[PDB]
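Asks: These are the residues of each chain, in order.
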Amino acid sequence: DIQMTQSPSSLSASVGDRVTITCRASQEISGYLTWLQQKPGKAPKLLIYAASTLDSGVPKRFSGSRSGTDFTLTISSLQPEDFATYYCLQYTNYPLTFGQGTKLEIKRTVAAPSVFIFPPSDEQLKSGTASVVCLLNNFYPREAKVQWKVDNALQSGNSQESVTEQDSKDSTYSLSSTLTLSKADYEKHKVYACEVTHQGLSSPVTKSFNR
Amino acid sequence: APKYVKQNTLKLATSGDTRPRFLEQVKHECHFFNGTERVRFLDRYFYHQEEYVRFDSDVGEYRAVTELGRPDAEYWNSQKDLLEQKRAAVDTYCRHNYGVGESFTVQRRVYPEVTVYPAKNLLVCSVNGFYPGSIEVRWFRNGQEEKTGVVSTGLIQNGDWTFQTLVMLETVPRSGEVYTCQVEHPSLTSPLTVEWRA
Amino acid sequence: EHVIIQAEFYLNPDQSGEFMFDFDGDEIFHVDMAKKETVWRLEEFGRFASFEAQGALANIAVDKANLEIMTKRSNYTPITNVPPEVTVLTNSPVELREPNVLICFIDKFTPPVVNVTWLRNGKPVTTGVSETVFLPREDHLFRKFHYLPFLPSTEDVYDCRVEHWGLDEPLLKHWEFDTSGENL
Amino acid sequence: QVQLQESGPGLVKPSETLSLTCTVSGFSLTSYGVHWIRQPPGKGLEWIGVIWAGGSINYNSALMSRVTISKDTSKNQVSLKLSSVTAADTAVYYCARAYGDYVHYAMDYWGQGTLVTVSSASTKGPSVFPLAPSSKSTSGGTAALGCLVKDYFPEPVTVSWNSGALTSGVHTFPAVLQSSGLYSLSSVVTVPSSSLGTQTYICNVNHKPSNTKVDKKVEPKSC
Ligand SMILES: *[C@@H]1O[C@H](CO)[C@@H](O)[C@H](O)[C@H]1NC(C)=O
Ligand SMILES: *[C@@H]1O[C@H](CO)[C@@H](O)[C@H](O)[C@H]1NC(C)=O
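Chains as they are written, first to last, in this note's numbering: chain A, 23 to 233; chain B, 4 to 201; chain C, 163 to 346; chain D, 9 to 231.
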């Protein structure tokens, strides 16, 4: 019933930068705002309450204030482990409403992906299915083009990808593209390859095997 | 007559019931390590519950914690004469006021009073009225230290320069098992022991 | 290992100021605004040390001026009424007709204005009641202590009534001789 | 050790009742109240309700008829029931802590959260296949080996390496919902190339929603 507008929706900044997330309230929340940090796969962690009171166990580099009618979370010197989604929360009146959230990511130097291709196993093949796995190791930025070429012919609609969240120490990502076929359609071909296009690669990298 | 000295609050830089409330706090903090060996002065200024400017003696200048202190710090670091007193405060203010008061604050010892009573199974070792807060309580079940079933209330400040704590033991006493609670405190020259006498 | 803080605050529009000294969480002394003199938390401390209160009051005037400048620089942004935590404690383990102290401990609050009343069987006790000053915390909120010396009774029930602007009603924390342990 | 820990079924059929319990430790439910907050995957957070220390219960207006939150102070647990669950009620559910009996007391120390998936499908254990190292998955002085955890329902599976002895270089990927409806993920680890042959690598996959415990020994391949 009370509206919390969080801005910007996503953010990328370098290590040592000063970042600033703003949160607008539709009504007056009488200072009752909480800033929460959620790392992926974890609960929200209480950073700031009462718009500027720091919770015990939160580092000094986080600070909360009010820019006019808007509210402000400020990280003074950004650290690599601060990659998280930050939420603002009012607690002045039922119902308690959260913001949309700001995804804070870390900028770093561009890193080329290491490409590894895994042929399908014997146990899966005797179960009647074939999964070829193409793994992209620690790389930045997150945008990567993974194409599947079977007998030099581009496949489409038979591969699914999954990207890890940013690593807390070197600020990289990793990708897993899985190509899945039936045993008959797998055994209809000989050469299986995954081609990787990335900003850290001058030319596309093709890893291949022969069935 | 031992005399406490004050640290002067600095003048800032110019830019009934349901009414707004406005609060400004100033904390001149002296932090001591190894007695009077390692001393850190920390002149901190707060608006409401938020810090806006701070002098750290490990930094040596007034720095702004939020944007609101930026006019002050540049003003305060524009007067080097003020900064020399702020840097010399480690010796002239922190160590002086440590000196006039070390007898009754640092070397203050109060005997703890220890009581063992059963509650609503559960045994309670209530240790009340001691200073300083460095206390150590152990539960010896039949001459064996229990590490499984001990919950402590933690250090609880009473405000009389006295602390208290209630260390609990969740066990299963059945027939005449002797339980012992031990208290270790700097006011004691030897450890203090009390037996439940089942 | 040891921390000594000279704690000062000023609050408008109550025009209430405070100068005090802290050693490791406990008050050494408090300069009283009225009567213009130091009040040592323990009376023995005044026979071991001394302090001139008038310069402390000058610092409180400087705090007033700094609060004017910060109020103008904050576009009249109000403080947040952070509600208080109230726990009723006993100084000793209670036995019947064995003299003890009921301690109302108030914690984690700002602004430092609170209305505290002891209630013996629902009746206010306005005499023979002690209190400490607003002791500062390191999250820059406040704590306060209230004391009622008493003699424990089977039938008597006591109540701490704490009134703060962060609450919609006065908070009432109960204590009776039976069920004196609520600490997990 | 202030802890709050959610517990529940994980998979509920539609129009049934979801029943969750938050077991707490380190504090008292007679001095503290607890909040229920749910988070759909990918989307934001949503406050379900509170049960205060004094027994006061407050629900949200959107789910007022369907939410019942109760409290057993003796067993230090708090129960949340949702009647007539839909697919929008599939979320990670969190219990958090606040002091006293008033909304202006801040919410401290969230719990880890339990995942509730509302679906009419049955559970299924996962098949684990080795992603064997080879010349294709060895770039100079480093090699990669993994485990493919495939065809399970519902989330989650947990993959460790050498019972937690191997943590550096471990990359467990988010699960992808296949067109067939089951989930599948992979967990890889990069090791030095010389270490292959002289070090045993076993991935440990645990899917308690299907009561499945699989240890798979990944062994080197040729091609
Ligand atoms: C502490 O101070 C004493 C003298 O007061 C000194 O000898 C010692 O080196 C200092 N440091 C430690 C770690 O004890
Ligand atoms: C205390 O009571 C007075 C009236 O007696 C009232 O004006 C004031 O607001 C109260 N203080 C609070 C609610 O903090």
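Hints may be right or wrong, so weigh each one.
Unchecked claim - Residues from chain D shown here face chain C by an in silico Cβ test under 7 Å; the list is partial:
hint	residue
1	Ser36
2	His112
3	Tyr113
4	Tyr117
5	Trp118
What the hints assert, rightly or not - Below, a list of computed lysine to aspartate or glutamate pairs in the DMTMM-like style, where the Cα atoms sit at most 25 Å apart:
hint	chain 1	residue 1	chain 2	residue 2
6	C	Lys226	B	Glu77
7	D	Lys144	A	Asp173
8	C	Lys270	B	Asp20
9	A	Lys67	D	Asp159
10	A	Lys67	D	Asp223
11	D	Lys51	A	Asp173
12	C	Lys335	B	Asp163
13	C	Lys234	B	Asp163
14	B	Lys6	C	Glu247
15	D	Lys79	C	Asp186
16	B	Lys30	B	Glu149
17	B	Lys14	C	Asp176
18	B	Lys6	C	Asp186
19	B	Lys30	C	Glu260
20	D	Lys221	A	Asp39
21	A	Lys129	A	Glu183
22	A	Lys67	A	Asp189
23	B	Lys30	C	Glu293
24	B	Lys30	C	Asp340
25	B	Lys83	B	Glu32
26	C	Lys270	D	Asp223
Keep in mind that the hints were calculated from the coordinates and are not lab data.
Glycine included, each C-beta is placed from N, C-alpha and C at the ideal position.
Asks: All hints are to be evaluated individually against the structure, with a verdict given for each.
Replies: Now for the hints, and whether the structure bears them out:
no. : hint                 : result
1   : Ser36                : holds (5 Å)
2   : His112               : holds (5 Å)
3   : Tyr113               : holds (6 Å)
4   : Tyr117               : violated (14 Å)
5   : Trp118               : violated (19 Å)
6   : C:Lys226 to B:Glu77  : holds (22 Å)
7   : D:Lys144 to A:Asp173 : holds (17 Å)
8   : C:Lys270 to B:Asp20  : holds (21 Å)
9   : A:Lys67 to D:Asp159  : violated (33 Å)
10  : A:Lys67 to D:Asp223  : violated (33 Å)
11  : D:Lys51 to A:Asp173  : violated (41 Å)
12  : C:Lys335 to B:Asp163 : holds (21 Å)
13  : C:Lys234 to B:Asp163 : violated (40 Å)
14  : B:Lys6 to C:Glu247   : violated (36 Å)
15  : D:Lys79 to C:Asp186  : violated (39 Å)
16  : B:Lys30 to B:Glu149  : violated (43 Å)
17  : B:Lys14 to C:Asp176  : holds (21 Å)
18  : B:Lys6 to C:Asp186   : holds (20 Å)
19  : B:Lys30 to C:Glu260  : violated (41 Å)
20  : D:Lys221 to A:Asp39  : violated (45 Å)
21  : A:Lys129 to A:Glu183 : holds (23 Å)
22  : A:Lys67 to A:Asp189  : holds (19 Å)
23  : B:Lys30 to C:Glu293  : holds (22 Å)
24  : B:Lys30 to C:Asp340  : violated (42 Å)
25  : B:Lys83 to B:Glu32   : holds (21 Å)
26  : C:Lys270 to D:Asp223 : violated (50 Å)
Hints 4, 5, 9, 10, 11, 13, 14, 15, 16, 19, 20, 24 and 26 from the list above are not met by this structure, while the remaining hints are.
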